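K.L.:
Listed here are the chains, written in short residue letters.
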Amino acid sequence: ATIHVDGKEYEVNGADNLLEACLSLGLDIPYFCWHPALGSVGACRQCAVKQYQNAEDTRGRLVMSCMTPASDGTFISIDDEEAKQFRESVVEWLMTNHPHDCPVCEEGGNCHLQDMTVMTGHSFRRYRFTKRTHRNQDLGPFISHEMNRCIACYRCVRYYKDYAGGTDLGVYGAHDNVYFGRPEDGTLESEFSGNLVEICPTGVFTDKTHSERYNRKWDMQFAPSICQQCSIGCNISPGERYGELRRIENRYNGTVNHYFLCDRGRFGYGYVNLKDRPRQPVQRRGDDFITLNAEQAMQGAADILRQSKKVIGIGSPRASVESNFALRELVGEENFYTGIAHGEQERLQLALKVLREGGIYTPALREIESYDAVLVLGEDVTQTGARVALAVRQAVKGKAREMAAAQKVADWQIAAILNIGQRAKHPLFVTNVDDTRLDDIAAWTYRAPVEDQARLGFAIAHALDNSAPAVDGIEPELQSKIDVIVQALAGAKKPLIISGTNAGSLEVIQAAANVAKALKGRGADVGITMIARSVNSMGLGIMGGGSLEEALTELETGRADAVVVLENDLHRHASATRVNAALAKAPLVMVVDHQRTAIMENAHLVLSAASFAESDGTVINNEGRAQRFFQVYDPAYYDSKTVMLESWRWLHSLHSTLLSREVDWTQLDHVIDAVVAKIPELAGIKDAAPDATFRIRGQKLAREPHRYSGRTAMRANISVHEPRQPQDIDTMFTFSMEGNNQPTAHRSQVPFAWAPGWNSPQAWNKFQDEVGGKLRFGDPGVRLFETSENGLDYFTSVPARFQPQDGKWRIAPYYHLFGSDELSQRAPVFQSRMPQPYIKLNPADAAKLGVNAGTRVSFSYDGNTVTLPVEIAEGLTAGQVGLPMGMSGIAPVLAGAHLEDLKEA
Amino acid sequence: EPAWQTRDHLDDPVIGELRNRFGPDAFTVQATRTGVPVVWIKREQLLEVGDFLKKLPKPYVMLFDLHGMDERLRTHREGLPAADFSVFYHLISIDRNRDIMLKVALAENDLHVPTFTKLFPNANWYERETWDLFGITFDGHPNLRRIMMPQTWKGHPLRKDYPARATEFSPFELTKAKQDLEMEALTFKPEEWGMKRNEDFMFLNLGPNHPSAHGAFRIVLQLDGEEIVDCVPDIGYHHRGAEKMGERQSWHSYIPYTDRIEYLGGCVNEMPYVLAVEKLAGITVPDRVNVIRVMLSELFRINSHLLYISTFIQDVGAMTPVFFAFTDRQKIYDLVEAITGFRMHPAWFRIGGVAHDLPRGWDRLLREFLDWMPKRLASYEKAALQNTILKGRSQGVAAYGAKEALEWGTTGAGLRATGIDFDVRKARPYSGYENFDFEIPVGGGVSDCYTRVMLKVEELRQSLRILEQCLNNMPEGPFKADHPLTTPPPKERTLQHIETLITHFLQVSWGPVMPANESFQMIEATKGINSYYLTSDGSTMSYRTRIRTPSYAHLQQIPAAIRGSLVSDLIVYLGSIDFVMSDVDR
Amino acid sequence: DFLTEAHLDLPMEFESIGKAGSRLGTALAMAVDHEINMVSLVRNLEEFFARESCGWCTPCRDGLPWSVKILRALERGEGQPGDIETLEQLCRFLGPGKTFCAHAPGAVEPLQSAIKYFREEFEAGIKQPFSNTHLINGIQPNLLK
Ligand code: SF4
Ligand code: SF4
Ligand code: SF4
Ligand code: SF4
Ligand code: FES
Ligand SMILES: [Ca+2]
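Residue numbers (the deposited numbering), protein chains in the order written: chain G, 4 to 908; chain C, 12 to 208, 212 to 600; chain F, 298 to 442.
The shape of chain G in the complex, shown without the other chains:
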């Protein structure tokens, strides 16, 4: 398609509207109510241009560039006098009721309305009358509400209802008294409600967790990082001021997590700012806790490790690839144990075998939205992999998208698309032990135990392909539902099967693999997605090693007299009493961690490791994509006594001091090269990000904006002399503003989006090749493995049906986005959002036990009696008791286990 903007010819896409096409060309058109992820509605009337019928036309007519397709031979003008006057008039009309609030507004300096007021050239007020006002609502602990600043652009309601699928936010009222919020005061119930702080172009919805310790955008030190709160691996921009992690912003990755994060990643960063974190190496000597610096810590640790007869290392899926590899090199490959349980490791290795050996393509997070039917087996996606649930919602709305496409309606005209596809949607079949948050859009939901969900998957795979093993004992109603699922999956051009290791069942993963293989054998374009547990679960599975139980037996038998635990609390993967006894028996325990865990009391040496905000490294997400996260700030810049290093730095220096009695720390690229050389399965992490010698025309990449302030006063209370700027020898970024952050710079890692005239998160449009697409020079991250040429065989281990045995209670896992993650519960802002710890019971089981809803019952697990209140779960199958996984005192390894003497306290 050929367009002519202000007499200049451009080649665009005819399927795009004029606004996104002109923004992709670098032209500036003001806009409020259009979003690339949400489509065009024509509400704010800000994107007006002047369209001409032909080339020799002078009058023209004001059209809206978001509502006008960028067809071939189009003639428009942006800098026309009438279009400029109308855009300034629209800004003026929006400014008639706006409060004089910019100094006391958290959106100041980050405001789209500020940028568009300046861009339209409106700086003189002639409106002399009153301004309308609105009371505010309490929207919970994460979102702060201020309705006076609203411009009625309907972005919040469109995102929250059409895109996110939420129900409790809406628009109320009339002509100029439109109110946007909840019908009553209460917490916003959506798991993706935190994206409202970037969706809203004004300061109506603001980050309250950031608003506590608020600082402006220009004062932030930003980094490109990966969110560590689950396995999806969404790209984030952590921003820091005065030595504390101030905010998490969404970093655009067109392949993974383009515009949106979930609430756990956006608000669960508060564990970094905890005051109980280790900041210096501490050595235990009797009842004394001697604080050392790094050199004598390495010397002492080297002597005690050299005096030991066998040293073992227990890793974690929390730690990066480099840190786990450094521990594995320090203790040896045969003495390296993964920090997860045997069942967790078996499920994770089976998921990895399915992903990189099953011959079925694993889609990216953005690619999930283009699938025609979704079957979720066992995995509570909204509570474990929430962004996959959001992409599943988009894939479900794909049917309305294609129905509107069949009527020659453009893909950006979202209102007509939703009008045509009223309630028709792509098939979604979710299985769980109880209700999920995807039940409102699911074609079917199966509330059953994990054995029954696995049997349903095996029956689906057998009905799709008769070479798969059959299931005997299917009820006719269950057979009818299986036939419905099979008829939906067989007629889908792009079926998608989503499972994971959080269900606590190997057979669920086997059934999902069988369904994917049966769909692949029919020639369908089937994709499979496995949801892991932690941020680097896939990387720890690829690296491999023994389980935690083998390490505990090695400690208990006396064969290992020294244990090095890397960033693992060890209570989430095994029983606490066994771990405590095995660690107390060992004469040397060294815990390398950034959080104050419970096993540090028995630890002889504690190494103050760095979190993701203070370290660089590589993490492998659930799809096998290696992603590099970069250090945000130097911990020792403010507190000069703080000795907090990277975990791989700690362990590599320890290995060097053990081998040659000299302290060499590392460079990060050396550890990357060591990983690539020693582990050929992790050889793709070299190309995840360029090395520390990468420059943009000779200069580094800036972590903080060019208008960063306070440089001669941030440390003036400690010392009036300005200290040395922190040097970054590990990566290509610099701890200063003397770098490159141009939108046209040839790079893939963007610490933050800023353009002249675009201070809001809309500068990502300037940082993309086309608006709403990918990054201009490719998205960061590289897939570790390609799709295999040949697949697996059918798993013939069909489990027997769930039999409720008397006196034993099967623990059904319940996951919560706020509470199940290990580090997110440590964030103090989560405790208001974290649920109370209950236990779920069937009505029949509660009536048999004589217990009501809310009464306290006590159960003993591994000789430990604990009491919890009771809810009555209607969808939970009898013979099962429902436990919330990852909570205080409930380890995630309890999923799929059994319970004894569960009785009323």
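Don't take each hint at face value.
What the hints assert, rightly or not - The list that follows gives simulated cross-link-like pairs (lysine-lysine, BS3-like), each with its CA atoms no further than 27 Å apart: (1) G:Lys497 to G:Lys428; (2) F:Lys442 to C:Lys505; (3) F:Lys413 to G:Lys87; (4) C:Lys65 to C:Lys114; (5) G:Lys134 to F:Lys424; (6) G:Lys87 to F:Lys366; (7) G:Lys402 to G:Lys496; (8) C:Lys417 to C:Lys440; (9) F:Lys366 to G:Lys134; (10) C:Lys200 to C:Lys189; (11) C:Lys171 to G:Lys769; (12) G:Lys87 to F:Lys442; (13) G:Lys134 to C:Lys505.
Think of the hints as simulated: they come from the structure by calculation, not from any bench.
Dock chains C and F with the ligands against the given chain G, drawing on the hints supplied.
P.N.:
Below, chains C and F with the ligands alone, put in the same frame as chain G:
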């Protein structure tokens, strides 16, 4: 058509002459807001174009400026030849009252240009600075050594990949070995500086500590007895990195740094920068703004000229007029403090106007100064300036004609004492200087020390006349333009209107967004012609800030004019130039 | 749009009333006598149109109340200079294609027809000088001439 409009200047006769001489495809005409024809010339034709411009019927006789630009980070290079670096040559024809900017594009690896010193001798120091700050080598230079930074310096400071701030570098540690090594570097060696040495040529060191108000600097002197056979000035001891700070500060926040370029000039130094930024922004200031800026420029011009005359008289040997001239400076300082709130660096001019309105009672203080000044000036003349000992120390000392002033880029009183009537306020009028009735004094043809001092006295009297006209006719109106890019907006509308608050919020935090263009403004400063050449890449910071100062030209003209004279003649010549080392180094 | 006595001899067709600068509409004409002030009538019309906006799109929702407040100021004689220019710009920028639907063009048709035909009644409301800012002590204002 407004004066800030983008023009290609294809109607200039020099463009047609170059078309008829070198051909249409030989060069590229660039449309800028500089007001000058910008011609991108190929490198191998640069000396041919220079010869052709030097041999025109009305020739381009003065190399106004010569410097470089790092074009690697420049994104908006539409209509421009492909370049990693560029070298620009600003040349002035006074007979036509026109000027032209030649530009030579350079790749990153082939950073060599033919030297321009065979056509203009000021290209020596200009190319030495261009090599020092950008690494561009000039083939055929007599000595291409560093002129701003020490010889033991690594890297070129004005490149875009060079870190600007000292906090980026390690803090300054002075050890014994470091002190010895840097003291060895400052030692003078006859062979390295191109002295080209008789068993009697002794060597003399003047600085670098300097007992005068105009900076600290060195002159190394080759002496036959008392006669100066050769000399080369050593500068760079006062280098503040002001252009690198221009690339480091926003448009609004750079104005205090523009103040300290010529620290005896103040608002005179602020004027060309804000005029060039207003050209970039498309801002035409109202008439009251123009009259206020003219009034403050003339006040600071009288201050600078008073200090210059007092310092010259003190350097001759009479020490009382410095006391009285600093009392008159205190009267000027009273008025300037009342208007702006500061004495020497007011930083009071703004993009689109001035920081505040004139306070109530400014006319009273201007009346006291206008009544005070002329009797004091007449007493200065009768007590010291007509003294025959001062005349013997000054008349005929370091004299040059129109050709030597033109070939060395000398401007101000040194140029006008050669008889050349070239003042910026009358040739290329700016800031409403065409509405003021004043005369431009000129000399007889010879630029003595005494002739320059008497000319500066005459411009002091003419500035008093301009101040009287400003006092009698000051318009009633706004002190700031009504443009959306007026930085900052008027304060009360910021304090009670949300759109004005938004404009102020974004203009003082992120900075105002100048659209990507090039602008240029030259003004008649207190010491000559001062110019700002500002390249904007569409951001809130300057992509390139080039500050041309006349003191650079005068310090470069010193060895040609003081050769064959005495050391006391050199002291008198230094006292009669009206320079400062911040102007030289900046 | 309002029409005068000279337009009374016009056939009630779409093309005939359209060529006079008005619309045939529902063809139910409403007659205004000499006792009715045009400013009060247009204020009533714009108050109806401003309170019956659906709130979707910016120009109607945020410019009809501005016209209502300007007409209220003109009704009590508190009008300031530039009010009628603001009303004319509100007419021009709320026409067809500028708003999401046709409610606001029909809103601004009576306002522009009354400004065109009965401007002397709108001139009578402008009595006070224009004042948007109050004095702030210690800051000299920008006296825009
Ligand atoms: S939302 Fe934007 S325009 Fe409104 S008060 Fe906040 S910063 Fe100012
Ligand atoms: S609250 Fe924000 S996103 Fe919602 S309509 Fe108002 S300005 Fe738009
Ligand atoms: S889905 Fe997972 S990786 Fe993404 S923001 Fe949420 S917790 Fe972080
Ligand atoms: S013009 Fe129509 S769509 Fe726009 S706010 Fe008014 S009634 Fe609603
Ligand atoms: S962006 Fe087009 S009308 Fe809102
Ligand atoms: Ca580091």
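K.L.:
Are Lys134 of chain G and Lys505 of chain C close enough, with their CA atoms no more than 27 Å apart?
P.N.:
Judged against 27 Å, a Cα distance of about 21 Å means the pair holds.
K.L.:
With the threshold set at 27 Å, check whether the alpha-carbon distance from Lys87 of chain G to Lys442 of chain F stays at or below it.
P.N.:
With a Cα-Cα distance of about 25 Å, the restraint between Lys87 of chain G and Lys442 of chain F holds, given a limit of 27 Å.
K.L.:
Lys402 of chain G and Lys496 of chain G: Cα distance at most 27 Å?
P.N.:
holds, 12 Å
K.L.:
Regarding the pair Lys413 of chain F and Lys87 of chain G, is the alpha-carbon distance no greater than 27 Å?
P.N.:
holds, 26 Å
K.L.:
Given the hint that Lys134 of chain G pairs with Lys424 of chain F, does the C-alpha gap stay at or below 27 Å?
P.N.:
Roughly 23 Å between the alpha carbons, so the hint for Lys134 of chain G and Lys424 of chain F holds.
K.L.:
Does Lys428 of chain G lie within 27 Å of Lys497 of chain G when you go C-alpha to C-alpha?
P.N.:
holds, 14 Å
K.L.:
Sort out whether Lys134 of chain G lies within 27 Å of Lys366 of chain F, counting only the CA atoms.
P.N.:
holds, 11 Å
K.L.:
Under the criterion that the straight-line Cα-Cα distance not exceed 27 Å, is the pair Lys87 of chain G, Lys366 of chain F satisfied?
P.N.:
holds, 25 Å
K.L.:
Going straight from one Cα to the other, do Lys417 of chain C and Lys440 of chain C come out at no more than 27 Å?
P.N.:
With Cα atoms ~22 Å apart, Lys417 of chain C and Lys440 of chain C stay inside 27 Å; holds.
K.L.:
Is it true that the CA of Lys65 of chain C sits at most 27 Å from the CA of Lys114 of chain C?
P.N.:
Holds. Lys65 of chain C to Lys114 of chain C sits at ~17 Å (cutoff 27 Å).
K.L.:
So if I understand the rule, the pair passes when the alpha-carbon distance is 27 Å or less; does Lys442 of chain F with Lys505 of chain C pass?
P.N.:
Within the cut-off at roughly 17 Å; holds.
K.L.:
Checking one constraint from the list: CA of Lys171 of chain C to CA of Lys769 of chain G, max 27 Å. Satisfied?
P.N.:
This hinted pair holds, its Cα atoms lying about 22 Å apart.
Taken one by one, the earlier hints all hold for this structure without exception.
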